[PDB]
Amino acid sequence: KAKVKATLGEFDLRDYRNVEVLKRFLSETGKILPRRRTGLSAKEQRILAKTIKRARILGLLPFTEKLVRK
Amino acid sequence: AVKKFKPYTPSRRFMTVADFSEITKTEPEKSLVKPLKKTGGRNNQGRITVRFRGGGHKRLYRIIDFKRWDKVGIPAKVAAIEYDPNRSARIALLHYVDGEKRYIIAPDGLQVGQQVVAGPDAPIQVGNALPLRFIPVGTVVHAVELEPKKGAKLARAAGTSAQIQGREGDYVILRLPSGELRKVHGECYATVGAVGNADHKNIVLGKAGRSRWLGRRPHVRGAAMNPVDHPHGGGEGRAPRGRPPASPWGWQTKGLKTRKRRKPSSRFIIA
Amino acid sequence: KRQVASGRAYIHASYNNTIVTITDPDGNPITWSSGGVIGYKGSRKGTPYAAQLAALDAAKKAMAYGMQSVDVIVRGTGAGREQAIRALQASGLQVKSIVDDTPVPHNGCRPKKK
Amino acid sequence: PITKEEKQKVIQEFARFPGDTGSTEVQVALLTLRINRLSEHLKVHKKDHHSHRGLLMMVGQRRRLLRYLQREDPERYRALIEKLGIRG
Amino acid sequence: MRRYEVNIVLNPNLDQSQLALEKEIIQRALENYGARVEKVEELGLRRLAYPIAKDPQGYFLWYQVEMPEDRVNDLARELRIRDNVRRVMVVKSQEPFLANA
RNA sequence: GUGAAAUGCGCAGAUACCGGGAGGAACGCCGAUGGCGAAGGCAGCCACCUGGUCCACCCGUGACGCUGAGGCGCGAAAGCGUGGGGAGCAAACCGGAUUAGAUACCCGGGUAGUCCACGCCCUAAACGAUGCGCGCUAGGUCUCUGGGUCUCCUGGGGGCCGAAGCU
RNA sequence: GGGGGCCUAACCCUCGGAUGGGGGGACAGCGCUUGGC
Ligand SMILES: [Mg+2]
Ligand SMILES: [Mg+2]
Ligand SMILES: [Mg+2]
Ligand SMILES: [Mg+2]
Ligand SMILES: [Mg+2]
Ligand SMILES: [Mg+2]
Ligand SMILES: [Mg+2]
Ligand SMILES: [Mg+2]
Ligand SMILES: [Mg+2]
Ligand SMILES: [Mg+2]
Ligand SMILES: [Mg+2]
Ligand SMILES: [Mg+2]
Ligand SMILES: [Mg+2]
Ligand SMILES: [Mg+2]
Ligand SMILES: [Mg+2]
Ligand SMILES: [Mg+2]
Ligand SMILES: [Mg+2]
Ligand SMILES: [Mg+2]
Ligand SMILES: [Mg+2]
Ligand SMILES: [Mg+2]
Ligand SMILES: [Mg+2]
Ligand SMILES: [Mg+2]
Ligand SMILES: [Mg+2]
Ligand SMILES: [Mg+2]
Ligand SMILES: [Mg+2]
Ligand SMILES: [Mg+2]
Ligand SMILES: [Mg+2]
Ligand SMILES: [Mg+2]
Ligand SMILES: [Mg+2]
Ligand SMILES: [Mg+2]
Ligand SMILES: [Mg+2]
Ligand SMILES: [Mg+2]
Ligand SMILES: [Mg+2]
Ligand SMILES: [Mg+2]
Ligand SMILES: [Mg+2]
Ligand SMILES: [Mg+2]
Ligand SMILES: [Mg+2]
Ligand SMILES: [Mg+2]
Ligand SMILES: [Mg+2]
Ligand SMILES: [Mg+2]
Ligand SMILES: [Mg+2]
Ligand SMILES: [Mg+2]
Ligand SMILES: [Mg+2]
Ligand SMILES: [Mg+2]
Ligand SMILES: [Mg+2]
Ligand SMILES: [Mg+2]
Ligand SMILES: [Mg+2]
Ligand SMILES: [Mg+2]
Ligand SMILES: [Mg+2]
Ligand SMILES: [Mg+2]
Ligand SMILES: [Mg+2]
Ligand SMILES: [Mg+2]
Ligand SMILES: [Mg+2]
Ligand SMILES: [Mg+2]
Ligand SMILES: [Mg+2]
Ligand SMILES: [Mg+2]
Ligand SMILES: [Mg+2]
Ligand SMILES: [Mg+2]
Ligand SMILES: [Mg+2]
Ligand SMILES: [Mg+2]
Ligand SMILES: [Mg+2]
Ligand SMILES: [Mg+2]
Ligand SMILES: [Mg+2]
Ligand SMILES: [Mg+2]
Ligand SMILES: [Mg+2]
Ligand SMILES: [Mg+2]
Ligand SMILES: [Mg+2]
Ligand SMILES: [Mg+2]
Ligand SMILES: [Mg+2]
Ligand SMILES: [Mg+2]
Ligand SMILES: [Mg+2]
Ligand SMILES: [Mg+2]
Ligand SMILES: [Mg+2]
Ligand SMILES: [Mg+2]
Ligand SMILES: [Mg+2]
Ligand SMILES: [Mg+2]
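Chains D, P, G, S and C, in that order, give the protein sequences. Going by UniProt numbering, the first sequence opens with residue 19, and the numbers climb by one from there. Going by UniProt numbering, the second sequence opens with residue 2, and the numbers climb by one from there. Going by UniProt numbering, the third sequence opens with residue 11, and the numbers climb by one from there. Going by UniProt numbering, the fourth sequence opens with residue 2, and the numbers climb by one from there. Going by UniProt numbering, the fifth sequence opens with residue 1, and the numbers climb by one from there.
Source of the hints: derived by calculation from the structure; they are not laboratory data. Be careful, since some hints might not be right.
[Said to hold, decoys possible] Here are the simulated distance ranges between beta carbons:
#1 D:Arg-53 with C:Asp-15: 42 to 48 Å
#2 C:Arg-71 with S:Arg-72: 44 to 50 Å
#3 S:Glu-41 with P:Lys-150: 46 to 52 Å
#4 C:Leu-14 with D:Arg-55: 27 to 33 Å
[Unchecked claim] Restricting the straight-line Cα-Cα distance to at most 35 Å, the calculated cross-link-like pairs of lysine-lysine (DSBU-like) are:
#5 D:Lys-41 with C:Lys-23
#6 D:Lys-49 with C:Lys-39
#7 C:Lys-54 with G:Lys-11
#8 C:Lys-39 with D:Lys-61
#9 S:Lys-5 with P:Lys-202
#10 D:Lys-23 with D:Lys-88
#11 P:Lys-68 with P:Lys-39
#12 P:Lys-59 with P:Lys-151
#13 P:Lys-39 with P:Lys-26
#14 D:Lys-23 with G:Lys-11
#15 D:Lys-68 with S:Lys-10
#16 D:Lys-88 with D:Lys-19
#17 D:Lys-68 with C:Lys-54
Where a beta carbon is used, it is the ideal one built from N, C-alpha and C, also for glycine.
Using the sequences plus the hints, can you model the full thing?
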């Protein structure tokens with residue numbers, strides 16, 4: 019419905035720095051988005067999450083943003 | 002860790018003595034400005050003021066550097082770790098490059114040939130002492146002054162130690178070996194690390210005799226006496242406390258705080 | 011404490027009783043209510059209706075101080091969940107926002123026997 | 002881990018001929034190094050048991066091979082075993 | 001010797017003068033551990049997802065080095081000692097794995 | 001707090017809200033019909049030390065193999081020893097309720113223990129209830145991992161349906 | 001007059017003599033008086 023991968027070109031998904039890239043996988047809660055929404059490969063999804071977490075430690079990414087309007 | 006003994010005699014089957022591995026091939030103490038006379042089982046009137054003392058082995062007194070700030074910046078080599086019959090801890094005879102020699106309580110980890118030093122400058126390398134206000138919050142530390150310029154008095158027993166909990170004004174929070182939370186002053190020096198010989202708490206005297214060599218006379222129960230001697234006296238056949246447990250002087254002795262009330266030292270503590 | 015127009019509303023809703031607490035932008039409370047305050051006791055306290063009434067009462071008491079604008083913040087799952095909110099609509103306060111800040115561990119503390 | 006170079010100091014030294022990278026002499030030497038590495042490791046990581054199994058396997062693998070070499074030729078054995086210094 | 005990517009995050013509310021002072025300690029320590037540097041990046045202040053040390057912002061760095069893999073742990077220890085250092089993090093350098101290429 | 005309650009806590013100011021601090025234990029989303037390990041078993045992140053395993057090149061030694069009584073090593077949870085640590089949970093224990101009774105299921109309390117170091121214990125539905133190795137005997141489909149110019153071929157794992165056959 | 005906070009110089013502790021430095025501090029100690037155990 020909006021495969022996150024096709025929404026952006028070539029990118030080094032190991033880079034734990036490009037916020038605008040990774041940020042598009044975190045949902046409106048900080049929850050690392052499922053492979054049923056990122057559409058990545060088995061390996062892709064993995065090394066991804068690892069680099070995401072890496073970022074969240076430097077403060078480049080949220081652990082949980084509170085649920086907005088509802 | 003601790004030397005045991007085969008039961009070739011009773012009371013030898015149980016007794017364990019400390020291993021002196023750390024003790025650096027040094028029997029004699031630093032005869033120099035280090036040893037000194039020592040004595041005495043009761044007070045300056047002839048009267049006994051501490052029951053059940055005396056008879057211990059003879060002992061020379063090793064002079065220990067507790068201030069360690071009169072040699073700021075001057076480094077020193079850890080020449081030796083020596084045995085010391087006056088404290089639970091082992092001591093370290095260090096040779097200052099200055100040429101002067103001094104005894105410091107040897108901490109854990111410390112071993113001969115350390116470039117130990119003391120001053121605000123000093124690194125957070127173990128063995129080094131520096132005013133509390135400079136030591137990074139969290140660092141375990143020992144041999145702390147209580148007020149500035151009055152030598153170490155906290156955490157000196159074997160394997161003891163206090164931790165820095167945080168700051169607040171000119172004071173730093175410590176958690177003493179007891180567990181007390183306390184605001185100690187900033188300028189108060191404190192040598193980094195924890196006290197050597199932590200295995201001490203694990204020796205087992207084994208026989209009644211061993212206690213005697215330590216200068217401890219036998220200790221007699223209140224119950225074993227007569228009413229004339231002790232509150233618990235009157236032992237008409239192994240009898241129970243007449244209520245409620247009390248000292249030879251008549252004050253209660255099972256939970257009964259004795260710390261003074263309006264002590265000024267009070268407001269610097271936290272339970 | 012003092013009179014203020016802007017503010018916030020916290021909705022605590024557990025399966026056993028719902029409770030709301032109005033507070034100024036800093037977070038410091040102004041007024042509160044709950045199934046017990048209203049009059050209900052025991053099982054009824056968990057009722058969405060109870061939760062409704064308490065919401066109105068807390069809102070009502072609030073408008074008295076000067077409350078008008080209020081960001082809504084919910085923590086719970088109780089029957090008065092959205093119900094407390096539906097009551098903040100018709101409250102007479104401007105429902106400036108609505109957010110779920112229900113606490114939830116990243117798996118750390120062992121739960122009760124349930 | 003063992004350095005790529007460190008392996009050659011061994012391989013080059015134990016081969017019977019240039020390009021030899023499989024002679025019993027070599028495999029044994031190649032294990033022996035790797036064995037002693039683990040040995041010295043577990044000497045500090047007493048708790049690491051899974052790795053200790055590795056050591057048993059590797060020690061066993063070596064143990065077999067020496068049977069074989071001592072079997073078909075006692076000469077390279079009495080020598081090789083001596084160079085690496087084992088069996089004692 | 002191995003390649004690393006030493007991140008470091010410092011207190012933003014400090015002056016620019018002491019900023020140079022802390023950067024000095026970074027270097028000396030780096031050298032004391034034979035951390036010969038390479039392509040370095042200093043992305044300055046940035047938006048933190050969560051208040052690190054009660055502070056909504058933070059000054060960033062990022063290096064790349066060769067050094068004995070043994071003294072890499074000891075190094076991170078030396079860095080964190082400063083108060084204005086909020087987040088040291090050494091990482092194994094890795095060739096860019098890429099998808100959607 | 002429950003089926004409803006009561007014990008409990010609360011005007012000596014509790015619950016609900018915000019800020020600041022201490023401490024222990026476990027790792028949400030990723031995450032799954034998934035991966036690793038000989039088994040027991042193993043999950044935030046980081047670095048260090050280390051075991052096993054798979055694919056390719058067809059270069060090396062040339063049967064050096066398989067199994068394996070004893071022996072040795074590992075071996076969940078509980079439990080034991082000495083000494084640490086103790087937030088949550090929680091046998092025993094205490095109270096409330098339920099019931100004819102209720103040493104229980106439910107509720108309020110609660111200690112060993114759960115955690116760390118070192119040393120024992122050596123059991124289990126330690127279950128695939130399926131000992132290890134090697135060759136042989138249709139395929140269809142889902143998935144994990146590797147190699148090759150790649151709508152397909154070629155290895156090694158994890159599943160389901162099913163030839164022959166077995167039962 | 002009561003309560004909170006800070007100060008230093010009484011008073012107390014301490015620092016290689018100090019007419020001074022550091023720490024505590026109108027507290028504590030001590031005097032008279034009050035009630036209690
Ligand atoms: Mg003399
Ligand atoms: Mg004397
Ligand atoms: Mg010297
Ligand atoms: Mg006695
Ligand atoms: Mg008698
Ligand atoms: Mg008499
Ligand atoms: Mg009496
Ligand atoms: Mg009497
Ligand atoms: Mg009798
Ligand atoms: Mg009596
Ligand atoms: Mg008693
Ligand atoms: Mg008294
Ligand atoms: Mg009801
Ligand atoms: Mg084997
Ligand atoms: Mg032959
Ligand atoms: Mg042998
Ligand atoms: Mg032998
Ligand atoms: Mg022999
Ligand atoms: Mg031998
Ligand atoms: Mg022999
Ligand atoms: Mg009160
Ligand atoms: Mg209050
Ligand atoms: Mg709460
Ligand atoms: Mg709080
Ligand atoms: Mg604070
Ligand atoms: Mg605690
Ligand atoms: Mg903590
Ligand atoms: Mg599984
Ligand atoms: Mg396996
Ligand atoms: Mg299982
Ligand atoms: Mg697990
Ligand atoms: Mg782990
Ligand atoms: Mg699992
Ligand atoms: Mg091929
Ligand atoms: Mg050939
Ligand atoms: Mg050949
Ligand atoms: Mg061959
Ligand atoms: Mg041939
Ligand atoms: Mg067997
Ligand atoms: Mg256990
Ligand atoms: Mg205990
Ligand atoms: Mg215990
Ligand atoms: Mg409980
Ligand atoms: Mg219970
Ligand atoms: Mg009880
Ligand atoms: Mg009955
Ligand atoms: Mg019972
Ligand atoms: Mg009973
Ligand atoms: Mg009974
Ligand atoms: Mg009961
Ligand atoms: Mg029943
Ligand atoms: Mg307990
Ligand atoms: Mg027991
Ligand atoms: Mg316990
Ligand atoms: Mg535990
Ligand atoms: Mg621990
Ligand atoms: Mg045994
Ligand atoms: Mg076991
Ligand atoms: Mg099973
Ligand atoms: Mg089988
Ligand atoms: Mg292939
Ligand atoms: Mg195609
Ligand atoms: Mg194939
Ligand atoms: Mg697999
Ligand atoms: Mg297959
Ligand atoms: Mg007036
Ligand atoms: Mg007036
Ligand atoms: Mg002054
Ligand atoms: Mg002053
Ligand atoms: Mg004077
Ligand atoms: Mg002054
Ligand atoms: Mg003063
Ligand atoms: Mg006074
Ligand atoms: Mg008086
Ligand atoms: Mg009295
Ligand atoms: Mg009384």
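Looking back at the numbered hints, which does the structure fail to meet, lowest number first? 4, 9, 14 and 15
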